[PDB]
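Of the protein chains in this complex, all but one are displayed in their positions.
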Amino acid sequence: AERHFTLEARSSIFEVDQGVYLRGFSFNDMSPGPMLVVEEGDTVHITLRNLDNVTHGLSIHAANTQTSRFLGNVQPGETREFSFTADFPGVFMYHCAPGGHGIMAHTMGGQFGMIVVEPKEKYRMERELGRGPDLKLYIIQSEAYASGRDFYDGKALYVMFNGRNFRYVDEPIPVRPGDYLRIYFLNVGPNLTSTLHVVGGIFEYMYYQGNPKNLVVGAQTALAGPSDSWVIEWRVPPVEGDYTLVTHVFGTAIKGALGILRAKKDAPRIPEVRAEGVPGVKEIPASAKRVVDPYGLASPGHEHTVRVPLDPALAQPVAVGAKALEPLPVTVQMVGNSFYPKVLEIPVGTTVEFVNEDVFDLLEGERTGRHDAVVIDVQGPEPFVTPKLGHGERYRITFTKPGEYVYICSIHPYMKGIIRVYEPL
Amino acid sequence: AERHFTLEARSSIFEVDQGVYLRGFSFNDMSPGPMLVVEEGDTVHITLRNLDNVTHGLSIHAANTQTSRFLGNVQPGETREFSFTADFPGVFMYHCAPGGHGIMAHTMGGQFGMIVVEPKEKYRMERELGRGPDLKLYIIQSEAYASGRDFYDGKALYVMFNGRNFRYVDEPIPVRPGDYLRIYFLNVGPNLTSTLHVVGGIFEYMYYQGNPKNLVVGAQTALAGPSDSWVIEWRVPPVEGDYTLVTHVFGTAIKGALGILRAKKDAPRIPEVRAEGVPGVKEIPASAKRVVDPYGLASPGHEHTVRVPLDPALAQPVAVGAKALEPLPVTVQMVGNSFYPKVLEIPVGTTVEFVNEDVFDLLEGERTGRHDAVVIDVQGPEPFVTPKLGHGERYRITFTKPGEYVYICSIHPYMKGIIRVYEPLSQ
Partner (left out) sequence: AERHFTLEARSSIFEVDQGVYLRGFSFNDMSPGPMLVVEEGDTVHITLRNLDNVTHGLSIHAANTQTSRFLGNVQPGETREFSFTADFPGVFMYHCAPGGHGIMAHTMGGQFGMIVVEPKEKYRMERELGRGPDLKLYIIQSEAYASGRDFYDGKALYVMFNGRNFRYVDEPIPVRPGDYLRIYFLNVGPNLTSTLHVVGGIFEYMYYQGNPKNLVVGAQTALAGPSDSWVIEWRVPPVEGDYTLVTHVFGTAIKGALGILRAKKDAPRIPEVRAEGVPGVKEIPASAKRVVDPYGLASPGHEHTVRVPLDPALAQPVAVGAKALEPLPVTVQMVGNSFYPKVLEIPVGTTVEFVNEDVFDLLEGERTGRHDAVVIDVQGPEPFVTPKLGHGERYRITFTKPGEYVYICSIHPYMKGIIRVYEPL
C-alpha cells in the first residue's frame, strides 16, 4: 500500500512530571512525536511542515536512500514532500535534521519518534503459536537536559518511557497471565545506554533492530545504545501481580525510567500503548515546581544563578612576585546552543569572557555552532553586541557600572542569558 | 534436584582496598554476595531472612515467574520462602528489591550477587574436547560510590572484580599453558558498561547471557551493560607468563578492575574462583585511611565539607537597579538517599534551602524517595524538623546563632548529614 504521514515541526512545552515542565522542540506538540507503523515493502509518503520561527528538517532511519537533499534545511513556513520504499523490517528512529550542528542540538530538545516496519516473515513465537500477539507495547526511552553544558557532559536530569517520568507506575499497563506480549523498544538516548528488563520475566526471543534474522534467546536484559532497538517476544507467566518494566542502568531508572505491567485474569484490553508523548501544554501554570529549558532561562531562577564575590585582586592590590595581580576573567561558555551559567551576577569592575565551546563552526543558521551574544533588554549603561565566535574564540567585556542585561544569540534566538552588575549602596 | 539457599539481608562494612572501608548493605556480610550454582531444570528453594533494622527484599533474574509479591517489602526480622524452576540456562544477577525507589537505592549500596544455571546442552569447547574445564572462574564487576549525587551523575569512586580493587593483582590466579578455561562473567554495574578482555588472548567462543544458543566467536572483547552476562571458553596459549584480565573501558580499569592469570607449566590446580566478596568487618580500625559511605558521613570529614563565606548581599547592602539584593539561599540536596553536601558550614544569618532531587515519591519507607531532615544530636539552640518533601519540593531554614547539628532522614535513618553555623568570637 501507500501510506501517508504528516509531521509538523514546532516549539513546545511538555509536562514531564506532576508540576514539572520542559521547554523544547517537537513534531506535532508531543515528545516523543507521532508513531508511524507500516508493512515491509510499503511506499511511505512524508509531508513535513515547519510551523516554527527557526529552521528544522527530518531524518528517518527506515529509508535506505538519500534524505538530506529532500528533508534538510527546511526554513520557517516551508513544506517538503518525500517518498521512499520500506525495504528493511524493524524498529527505526526518526528525528530533526536541519543539517550539521543542528542535527545534534535539536534532537536533544525533544524532536524524535518511532517508525515501525512490520516484517513479511513472521517472528518466531507468532509462527510457533499460530497466532498474533495478545498485546503489542511500543516504548521509547529518552533523556531530558537542564543545559547544553549538561548535554555535553552526559548528565541527564530525567530519563523516561514515552515522555513522562514513572508514566506507567501512575497508570499501570493491564495484562493477563498467559498473554503473548510483543514489545517494540527504541532507546533514542541521545547519550545513555539502556538495559531493558522485566522483574519476574526472562525474555524468550529478542530481535536486534527488530529484524527477524537477528535472534537472541533467553535474556534477562536487552542492551541498547542510542538509536538501537529491539523486538521482544515474551509470555506473561501463569501468576497474577506486578511485573515491573525497568532499565538496569539504575542511575537512569531512578530518574523516571520504570513502569508496571499489572497481570490480572480479568484485565481489560485498553487502547494500544503507542510510543508517543502526552499532548503539550499551551502555558505554564503558576503552581509549577520547576521549568526546565536546556537552551534558555529556566525556573526557579535562583537554582541557575552564579553570584561571584569581588576578586581578591580587585578588593585591594595583591601580588606574588613583582607587580600587582590582575583579576581573573569570569567565563560564560556558549555550549550546546546555550549560555552557561544562564544567570550571572558580578560586582562592578569585573571582566566577563564569552568563549565558544561548540565545535562545529561551518555552515549557517541552525546548521552552525557559531554564536554571538547581543542585548535585547537594556537596563544599564553598557549594552553589548559581540562578534560571531568560532570554536575556541573569545570576547571580553569589562563592566564598570551597575545594571542588568538580557541577551540572546542572533543566529539562534531561543538561546538566552542574563548578566547583572551589582554595587554597594 | 531440589536445591536450597539462604540469603540474609544486613548492614555491613567492606574492606575494598588496603586501609579503605566502604559502608553499605549486603547479603550474608559479603559484596558481591553468596554465589549460587544449579543445573537447568532444578527446583530452587530460596529462604530470605531480614537481619537488618530497615526493609529489604530480593529479585532473582533466573526466575521466569512473579517474584515481587513473594520476595518484596520484607520487614525487619521477617522471613520469606519461595520456589521456582530454573527453566533457562545462563548467568543471572540477583539483588535487593524492597520495591520502588529502594530497588535502585539498595542495589548501589552493595546488595547483589550471581546465580548460575548450567545448561543440559554442553558448550561447544566442552563438546569438542570431550571433557570439562580445567578451571572455572566466576567474576562480578561492580562499582562503589562516595555519594548519591555521584550515583546520579555516573561518577564511580572504585570499580572492581569480586569486591576488592586489584584483588587478582595482589593474589594472581594460577593457570597452566594449554588449560581449557571457562569464565562466567556478570557486570552488575549499576551504571557503567564493561568490555572484558585478556591481554595475550582472543576468546574462542562466547555465549550472550550464558545461553548456549547465543554464540559469538573470535573476540577481543565481551561487551556488557549493567546486568548483562557472558560465558566465555578460551584455551591458555602454550607460553608461560601473565595474561591480564581487564575491562577495556580504561577509566574504570584504572579504578580497580584489572587482575592477573599467571600461567606456569607446574601450576597447581587451585579451587574454583567464586564470585564473592571478602567477608566484612565489624569495626573500622584506627589504621584506616578512608571510609566511604554513599548514604551517610564519610572520613576524613574535611574532603566532604563545604564552608561558605557570607553572601555579598548580607555583607553589606548592594544593588543592581535600585532596591537592595536579597541573599541567595545555600542548597542542600536530598539525592540518591543521601544529603549533598554531607557537611555544610555557614555564617550566622544564612538561609539553607533543602530540595528533594529524588524523583520517585510514591509508596512509603524504603520503597519511597520522599525525604525529611530531623536533628538527632543537638549542640546549638536551633534544632529543626522539615516536612516530608516530594520531588522538587523545597524547605527553607534561617540560622541566626552559632551551633552544630547532626541530622537524619526519619524515613531512611541511615541517611545522615551535618550543619555547623559559625560567628566571629568578637560578637
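Here the chain labels run A and B in written order, and each chain numbers its own residues starting at 1.
One rule holds in what follows: contacts are C-beta pairs under 8 Å (C-beta built on N, C-alpha and C of every residue); 3 or more make two chains touch, one makes a residue touch a chain.
> Give the residue, chosen from A:14, A:21, A:92 or A:138, that touches the chain omitted from the document.
Considering the complete complex, A:92 is the one touching the chain left out.
> So which of B:83, B:85, B:305 or B:351 would be touching the chain we can't see?
Of the candidates B:83, B:85, B:305 or B:351, B:305 is in touch with the missing chain.
> Determine which one of A:53, A:66, A:83 or A:398 touches the chain that has been left out.
A:66
> Of the residues A:23, A:101, A:136 or A:412, which one touches the chain left out of the display?
Considering all chains, including the one not shown, the answer is A:101.
> Touching the missing chain, which residues of subunit B?
17-20, 154-155, 158, 165-166, 169, 193-195, 197, 199-202, 216-221, 223, 237-244, 246, 248-251, 253-256, 258, 263, 289-290, 302-303, 305, 307, 309-310, 345, 347, 379-380, 402-404, 420-426
> Provide the residue numbers of subunit A that touch the chain removed from this figure.
59, 61-69, 87-90, 92-93, 97, 100-101, 103-105, 107-108, 151-154, 189-191, 193, 208-209, 211, 213-214, 223-229, 309, 311-313, 316-321, 324-325, 328-329, 331, 336, 355, 358-360, 362, 369, 391-393
By definition in this document, only the chains that are shown with their structure count from here on.
> Counting in whole Å, what is the centre-to-centre distance of subunit A and subunit B, each centre being its mean C-alpha position?
Each chain's C-alpha centroid was found; their separation is 28 Å.
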